[PDB]
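**Q** The residues making up each chain are set out below.
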Amino acid sequence: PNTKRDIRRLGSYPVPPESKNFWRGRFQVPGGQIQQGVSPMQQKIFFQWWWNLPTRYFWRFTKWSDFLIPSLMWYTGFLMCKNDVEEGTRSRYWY
Amino acid sequence: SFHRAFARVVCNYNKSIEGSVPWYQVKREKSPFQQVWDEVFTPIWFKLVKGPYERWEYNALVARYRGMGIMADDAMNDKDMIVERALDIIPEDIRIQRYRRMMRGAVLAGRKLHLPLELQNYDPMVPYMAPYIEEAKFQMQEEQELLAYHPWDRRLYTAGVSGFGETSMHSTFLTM
Amino acid sequence: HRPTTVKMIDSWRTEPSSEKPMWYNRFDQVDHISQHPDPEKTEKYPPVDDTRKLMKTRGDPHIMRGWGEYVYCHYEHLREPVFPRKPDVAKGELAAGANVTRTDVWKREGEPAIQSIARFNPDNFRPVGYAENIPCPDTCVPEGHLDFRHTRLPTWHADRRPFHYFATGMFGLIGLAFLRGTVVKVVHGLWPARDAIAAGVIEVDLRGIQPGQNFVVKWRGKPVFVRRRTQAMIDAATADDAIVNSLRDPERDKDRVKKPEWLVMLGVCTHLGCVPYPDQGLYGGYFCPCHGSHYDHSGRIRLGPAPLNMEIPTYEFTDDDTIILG
Amino acid sequence: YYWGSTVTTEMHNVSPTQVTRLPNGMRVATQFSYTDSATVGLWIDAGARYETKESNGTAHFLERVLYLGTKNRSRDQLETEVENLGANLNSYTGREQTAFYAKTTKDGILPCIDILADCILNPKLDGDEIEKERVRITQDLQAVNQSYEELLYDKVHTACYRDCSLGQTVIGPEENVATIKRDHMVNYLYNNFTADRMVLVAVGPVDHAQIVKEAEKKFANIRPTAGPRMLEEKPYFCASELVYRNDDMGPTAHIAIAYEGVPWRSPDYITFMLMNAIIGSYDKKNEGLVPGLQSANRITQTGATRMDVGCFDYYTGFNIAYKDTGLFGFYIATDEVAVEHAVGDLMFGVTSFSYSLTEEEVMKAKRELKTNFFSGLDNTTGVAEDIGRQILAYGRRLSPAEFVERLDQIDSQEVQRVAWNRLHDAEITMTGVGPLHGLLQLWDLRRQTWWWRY
Amino acid sequence: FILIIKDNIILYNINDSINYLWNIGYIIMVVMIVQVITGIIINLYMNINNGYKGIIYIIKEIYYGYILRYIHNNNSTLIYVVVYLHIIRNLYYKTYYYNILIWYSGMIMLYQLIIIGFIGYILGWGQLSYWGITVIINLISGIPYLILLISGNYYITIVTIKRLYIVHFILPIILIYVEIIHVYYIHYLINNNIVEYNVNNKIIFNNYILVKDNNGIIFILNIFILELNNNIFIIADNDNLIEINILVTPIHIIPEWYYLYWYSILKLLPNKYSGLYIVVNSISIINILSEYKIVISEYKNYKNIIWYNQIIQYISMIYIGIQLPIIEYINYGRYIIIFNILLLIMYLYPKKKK
Ligand SMILES: CCCCCCCCCCCCCCCCCC(=O)OC[C@H](COP(=O)([O-])OCC(O)COP(=O)([O-])OC[C@@H](COC(=O)CCCCCCCCCCCCCCCCC)OC(=O)CCCCCCCCCCCCCCCCC)OC(=O)CCCCCCCCCCCCCCCCC
Ligand SMILES: CCCCCCCCCCCCCCCCCC(=O)OC[C@H](COP(=O)([O-])OCC(O)COP(=O)([O-])OC[C@@H](COC(=O)CCCCCCCCCCCCCCCCC)OC(=O)CCCCCCCCCCCCCCCCC)OC(=O)CCCCCCCCCCCCCCCCC
Ligand SMILES: CCCCCCCCCCCCCCCCCC(=O)OC[C@H](COP(=O)([O-])OCC(O)COP(=O)([O-])OC[C@@H](COC(=O)CCCCCCCCCCCCCCCCC)OC(=O)CCCCCCCCCCCCCCCCC)OC(=O)CCCCCCCCCCCCCCCCC
Ligand SMILES: CCCCCCCCCCCCCCCCCC(=O)OC[C@H](COP(=O)([O-])OCC(O)COP(=O)([O-])OC[C@@H](COC(=O)CCCCCCCCCCCCCCCCC)OC(=O)CCCCCCCCCCCCCCCCC)OC(=O)CCCCCCCCCCCCCCCCC
Ligand SMILES: CCCCCCCCCCCCCCCCCC(=O)OC[C@H](COP(=O)([O-])OCC(O)COP(=O)([O-])OC[C@@H](COC(=O)CCCCCCCCCCCCCCCCC)OC(=O)CCCCCCCCCCCCCCCCC)OC(=O)CCCCCCCCCCCCCCCCC
Ligand SMILES: COC1=C(OC)C(=O)C(C/C=C(\C)CC/C=C(\C)CC/C=C(\C)CC/C=C(\C)CC/C=C(\C)CC/C=C(\C)CC/C=C(\C)CCC=C(C)C)=C(C)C1=O
Ligand code: HEM
Ligand code: HEM
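Each protein sequence line maps, in turn, to chains D, B, A, P and S.
Taken in order, the first sequence gives residues 1 to 95; the numbers are from our numbering.
Taken in order, the second sequence gives residues 1001 to 1176; the numbers are from our numbering.
Taken in order, the third sequence gives residues 2001 to 2326; the numbers are from our numbering.
Taken in order, the fourth sequence gives residues 3001 to 3454; the numbers are from our numbering.
Taken in order, the fifth sequence gives residues 4001 to 4354; the numbers are from our numbering.
By construction, these hints were calculated from the structure, which means they are not laboratory data.
Among these hints, one or two may not hold up.
[Stated by the list, open to error] Calculated pairs, SDA-like style, for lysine to any residue (alpha carbon to alpha carbon, straight line, at most 25 Å):
no. : chain 1 : residue 1 : chain 2 : residue 2
1   : D       : 82        : S       : 4047
2   : D       : 20        : P       : 3245
3   : P       : 3053      : P       : 3170
[Claimed, not checked] Only part of the chain P face toward chain B is listed, based on derived beta-carbon distances under 7 Å:
no. : residue
4   : 3176
5   : 3302
6   : 3307
7   : 3352
8   : 3356
Using N, Cα and C, we set each Cβ at its ideal position, and we do this for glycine too.
Assemble the whole structure, with the sequences as input and the hints as a guide.
**A** Pasting the structure below:
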């Protein structure tokens, strides 16, 4: 569950037995907030995928480029071993 | 629609039997055939079978109550709802002695003992609960009629209760 | 709290926070929390247009040393000594915790001690620059980001409920079809297998049999006598066909044979299961030697302990010289 | 099912409402009553809806300043004169309708017509009065100074009617209130307070001819008409959430859930009135003769049982109608931890209208609907509101007998048909204030408008 | 138990910001059910006296018995792929840092799964099955008379198959029970998020997360059906279709692909016991990765270099297992083992202060 301060309830109505987990994830919101939304039945349901598509893949690739140098080094190890194996076999067996 | 026609038939029929006297409140004369059967079978059957068998069972029941030192009305189980509703309203003096008699009986029965014969000369079939059983039945019949005349729809498995009618939380296996 | 643990220990190799703070140790101290600047009303740094023009950070990239995975953080769990190093609040160092209580940094010269210790309340210390750096979001959806105000359909649009329920219905439609196929296929596997179904059908090549010969075919575990009947045998059963109702189990030869020349019967005595032997008994039919049951040329019980007639299996004639049992 | 007619002879024994149209186009409606007091006023077709976004709030400002002096009188003289007659001038402004009426004694009926005419036709919108009222309106505009019921009533309109003027609030935004001036108010008077949009309603010991003669004399110089209102599409109902999550305002949470309703003149409006009565209202602090645990109202009874404590500190249904749209729903004030049970139970109750509504509940509701309506017509001001509101809404006043005749036809099957067409599997709007961790997403609540059973 | 279902499915709250990598656990639970169901059905027809002839009988004679045979074999491959990906997921986000009880409950299911899969492979009763168990069982030849008690004879026989079959039938049922302890700890100890901190953006599971989880599990099903019916990937070695010959060894003796990592560890280290112990080290050492840290941080959302090297290290070790025991491969494999030890030490060690 969340912190004791967060899950401390203001109301005295008992927690229903089917909502135990729901009220253990309560948060104590400081300063209030305004939440707004619209039913999906009155919205475009696929455009956001297209609108966010290029930025999603740009940030994905720039993060994954951090593994470029490690992967090249492992790949360099993969090549050396493969060709060290071939030379060893030929030297030991081939005439 | 056939349901509409059926609904009208039900309405007309029930309207035609409003105020009918219940079968038990009619002054009924036995048919010339039931009178003959009562003249022949019933007397012989009582003398030879029913009378002796039922006296044998009744006298045994009186002895069992006297051995436990309890009254017949003590033997009622409070798992029955009418008994529970009646026990809510019995006066305290009746309640105290009822509890003491029932406790003594269970001790005697559990230890396989019987009440001393000095204490057994009483009539166990005195109906001390009758006024309160009748009040409880009246209260329950009013509630049945004015508040439970239709199968009501409620949201299911919410607030610890199945939603099918029971009023206590966690009182079924599927509400654990 | 649930079972939980903190690493509040005395390390052998890592100093405590009082000895070596890992954060930028420059804070501004006030006399009352209300004297701090208000970040919402405090001007922030001038916005930049290039990611390369963004300001520098105060963190030290190399604050921690030694083997292990890289990490930058300001705090640890280690225990402090009862006599902690005296913080230099004059230069801006933070004084909170043991370095206040178990030290004399709070002491001024002529101020009442009650007033002096009141200033060193943790609420009176805020990092230098708190009001000019900390973000103060006005919304969780910054300008330029898509929200419901951009995705709302035009007011002349068409109902979207019908298609939505078609899509969720199609999920159920396909799911139910896959479910039915799975269930039926599993139950189907319990049907007699291909080897068993194949073995449960024997074809009788009536070609090569001679009149009066009896042969046995093992069909579904039981002996199935298939006898070609000579005219004498056929006539014999026909003669008893008139004396029917004088037999333990009255049956007519016409109702036990599809073709008079051919008698196909299960060779199991109706008394106790022994297999009768042909051309034996009083009727030249089939005599069970176990307890002495005599059957006629039609397979009807005529004498002995047996109660009923030998059963006629399910069999049809494919052609004139072939039968199919089953 | 049809159970007969509930119209009685007493329903026909009511004085008729006489409505005449003056040549300028002002309707004059009167009903005689055997009373020593009367109510005379002008119910005008005007309000916040007919204001533009920049000028929103002008109508409310004008209503507050109209009685603060006229060209002929002064605020002190006007207040003194009304007091000498033993009367009291009242007024209100709404989204679609406005009223300026006077409760008076019999001798003050005609004098009050003069005062009300002078205020409406010759308002002296003094700058000092405007500036003082600006301070009062500005304080009223603050949310801290508004009740939570008032806040939710405005926010329901803001959320439901994002595309049209019905979403505007009557008081207006603080930016407009800061800038309103006499010219704004003078324009609003000229454009909206015209004869074709006014109804003079007199209820009491009144004679129709005399009221008509006075009305024609005092309202002779009113502007006959203004240009017809712009033609607009059906107000679009936006299924949306507008929830103010505040955990620093105490334990009680206030929630309002709305469905799209029907306009005033809809054939289904009376059905929606009955459905509003079936939902009913409940208060833990005013339970009435019948306790919640044994209530005939199904929503109330199931609610009282939840957790052995009850999941409704207060709730009420609401049915709001406008010329071309309406809102139907319920308002709840309940403990924070009870909100999921409360919204779930009051939504299950509305969904039940489409599936399983008993004749018993309908017939009880018809009687309590009739009791509410008839009891409202007891005093002259109640009658005057009814005459004025109805003539504006319908162009005529429905008689008590006609209301009962039409209500007799409505039965459980009719409620089921209307609910199945309009409320079943319908779009909803949720609005809220207070600690609302228990309130689920709009889509989750919108799935409770239909049942897996039946 | 309808109020327990409602508290853990209907009104269960999860953060909105989770990725599709949080759908892996749901996939494991569903495919696990399928593997148990298809196993029970397969045993209605299977012959334990000759597993080789039972498989042929199911594939040829039973109606749609090929579906049962291939689903059970291929779904076992899918169980390990999804479980290993779940392990990689947990390592990447360091979900073990605070939810260690969830990590412990999971590791138990991992240990059970290893035993379940291996014995099942033996039930095929082919060349690799017989020779694989013969090689592995010899690792415990040090403990006196332990091999005889386990095998029930002096060589692997149907006696061994009968007893291993009971473990294969029952142990998966116990694994399902441990899945309830795993879900209990997940629901009590709230799940981690893609961000380090805990934020107020949770939504109910049934209406949102379950729809997304079904989309993922249906996407994996489109791939599993292609493999199931057309064998686009070789996931079962062909050598297990050769009849057992106790006198002749097969060309190579290797387990399924999902045991290759541990197989190479043994093949690499010279001493047999050392190989077994290094196998023990790899699974146990990852249970205490965060235990020695002292700073207030979960090391989350850095560049995760050590993580990536470790994942590639698993892949390379799996690759070396496939190859013959060439000397050059042995040398490189040993370097990888040393490299892996250094990576783990980086995880364990706390940092000093400059
Ligand atoms: C003793 C005193 C005297 C006694 C007298 C008795 C009097 C009664 C007898 C006479 C009855 C006359 C009925 C007149 C009917 C009028 C028809 C008419 O004009 O229509 C208006 C009429 C009503 O219209 P409406 O006014 O709009 O009202 C709508 C409501 O339906 C209105 O209904 P509702 O709202 O009232 O609700 C009830 C509803 C619904 O009521 C029920 O369904 C009752 C359900 C109760 C539970 C039952 C559980 C199951 C019990 C099984 C027991 C089996 C026992 C076996 C024993 C064997 C051993 C003995 O009833 C009906 O729908 C009426 C049925 C009318 C007759 C047609 C159907 C009869 C059943 C046929 C079954 C055939 C089985 C064949 C098997 C073959 C096997 C090889 O139209 C209908 O709705 C009727 C049709 C209903 C559906 C029937 C099935 C149709 C199948 C179509 C197949 C298409 C295939 C296409 C293939 C394409 C391939 C490409
Ligand atoms: C030759 C060919 C022939 C072909 C022939 C074909 C024939 C086809 C036959 C089709 C079936 C016909 C069955 C007729 C039964 C009539 C019984 C009767 O007179 O009832 C009056 C009786 C009223 O009694 P009462 O003393 O006047 O008042 C009752 C209360 O004390 C006080 O009452 P209250 O009204 O004051 O209390 C309020 C509450 C009272 O509520 C209740 O009474 C409910 C009681 C608890 C129900 C739940 C029990 C727990 C779950 C059991 C199942 C466990 C395993 C399930 C999953 C297994 C998966 C492997 O009422 C309501 O809530 C009203 C709305 C109820 C519907 C709600 C819909 C959503 C829930 C869905 C479940 C209920 C559906 C309706 C019942 C279906 C009956 C079959 O009502 C019931 O019996 C209630 C239903 C309880 C039984 C549910 C059985 C479900 C099916 C189980 C499998 C059965 C297999 C065996 C063979 C089935 C074929 C026969
Ligand atoms: C002439 C021919 C005649 C033929 C004769 C046969 C006739 C056919 C029909 C026979 C069956 C009738 C079924 C009646 C259904 C009644 C439903 C009902 O009302 O239930 C509630 C009702 C409770 O009443 P209530 O308290 O008023 O309800 C209010 C509460 O809301 C109620 O709520 P509550 O909670 O208080 O009570 C609910 C109660 C209801 O349940 C019961 O009481 C039992 C009901 C079902 C009975 C069993 C049905 C079995 C038949 C189907 C299977 C056949 C397979 C065939 C295959 C063949 C293949 C070759 O308990 C439960 O729901 C327990 C559920 C436990 C489930 C545990 C599952 C395992 C854990 C979860 C899953 C696994 C873990 C996850 C793993 C994941 C892996 C990764 O149940 C009962 O009181 C009756 C129980 C049954 C008594 C015996 C019935 C006898 C029937 C008469 C005929 C018998 C003939 C002789 C048979 C001989 C056999 C050898
Ligand atoms: C003929 C052969 C016969 C052989 C006989 C062998 C008999 C051996 C008997 C052993 C008996 C069992 C001992 C178990 C002790 C359990 C203690 C425990 O659980 O304490 C928890 C306890 C919990 O404390 P806490 O307060 O909750 O937390 C402390 C805070 O985290 C922060 O605390 P702090 O800040 O105060 O720091 C204290 C400091 C204190 O640290 C120390 O004092 C420990 C220093 C250990 C250094 C080991 C270096 C080995 C270098 C070998 C070089 C060979 C050169 C060959 C040259 C050849 C030339 C030809 O700790 C640290 O800095 C971090 C410690 C991290 C520990 C990680 C544990 C990993 C264990 C598994 C490693 C191996 C598995 C992978 C490889 C397997 C295959 C090869 O931890 C401590 O208090 C720290 C104890 C750390 C002990 C680590 C000992 C590692 C020893 C490795 C031996 C390797 C031998 C290689 C030989 C090679 C020969 C060629
Ligand atoms: C826990 C994790 C999960 C675990 C899961 C479990 C895992 C376990 C382990 C795995 C075990 C191993 C096994 C795994 C297997 C997996 C694979 C699998 O299952 O594969 C199965 C299966 C593989 O294929 P298959 O099974 O070989 O194919 C079988 C055949 O296809 C079809 O089958 P069939 O050929 O055998 O049967 C065909 C037959 C089947 O036939 C039927 O069933 C039809 C007959 C039903 C009759 C129902 C009658 C009901 C009413 C009875 C009467 C009631 C009376 C009541 C009265 C009451 C009165 C009180 O239907 C027809 O022939 C069709 C025509 C039917 C005409 C019916 C006409 C009715 C006339 C009625 C007249 C009545 C009048 C009476 C008047 C007189 C009255 C007195 O999968 C599929 O096929 C997948 C299909 C998916 C859906 C495809 C469709 C997609 C649509 C896309 C739409 C979107 C595009 C829209 C485009 C729009 C363009 C604009
Ligand atoms: C030779 O080539 C090689 C291979 O291919 C052959 C490899 O696969 C591999 C890798 C292989 C592996 C890592 C796995 C190998 C697996 C093997 C050998 C399995 C052998 C069979 C068993 C261990 C079955 C015995 C079963 C158990 C001990 C239960 C296992 C699960 C456990 C202990 C977890 C918790 C305990 C339980 C679930 C048991 C529950 C107990 C009960 C319910 C008892 C209740 C009793 C009462 C009285 C109430 C290598 C390294 C290799 O070199
Ligand atoms: C996570 C659960 C399980 C997995 C990983 C698994 C794994 C496997 C493996 C890999 C095979 C051999 C594949 C092949 O023949 O090449 C097998 C065979 C078998 N399994 Fe399972 N199994 C599991 C659960 C079960 C269960 C619950 C049962 C029975 C209730 C079962 C019964 C069988 C049977 C009878 C065979 C022999 C059929 C065969 O040749 O495939 N399995 N198992
Ligand atoms: C039979 C195999 C297992 C199944 C059925 C399974 C199932 C689940 C499911 C349903 C979740 C919750 C949703 C999710 O995060 O995807 C989860 C969470 C988790 N599992 Fe497993 N698991 C299995 C194996 C393992 C193993 C072997 C480990 C550890 C090496 C593990 C560690 C975890 C952790 C740390 C979490 C927390 C996820 C988080 O905090 O976000 N699981 N698992």
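**Q** Could you run down the list of hints and mark each one as holding or not?
**A** Against the structure, the hints:
Distance check on the hinted pair: residue 82 (chain D) and residue 4047 (chain S) sit about 44 Å apart at the alpha-carbon level, beyond 25 Å; violated. Only pairs whose Cα atoms come within 25 Å are accepted, and residue 20 (chain D) paired with residue 3245 (chain P) is accepted, the gap being roughly 21 Å. The suggested pairing of residue 3053 (chain P) with residue 3170 (chain P) holds, with an alpha-carbon distance near 11 Å, which does not exceed 25 Å. Below 7 Å, beta-carbon pairs count as interface contacts, and residue 3176 (chain P) has none with chain B, the closest being about 45 Å; its hint is therefore violated.
Below 7 Å, beta-carbon pairs count as interface contacts, and residue 3302 (chain P) has one with chain B at about 5 Å; its hint therefore holds. The beta carbon of residue 3307 (chain P) is positioned within 7 Å of a beta carbon in chain B (closest approach about 5 Å), and the interface hint is therefore held. At a threshold of 7 Å, the smallest CB-CB gap from residue 3352 (chain P) to chain B is about 6 Å, leaving the interface hint in force. Hint on residue 3356 (chain P) holds. Least Cβ distance to chain B is approximately 5 Å, under the 7 Å limit.
Taken one by one, the earlier hints fail for this structure at numbers 1 and 4, listed in ascending order.
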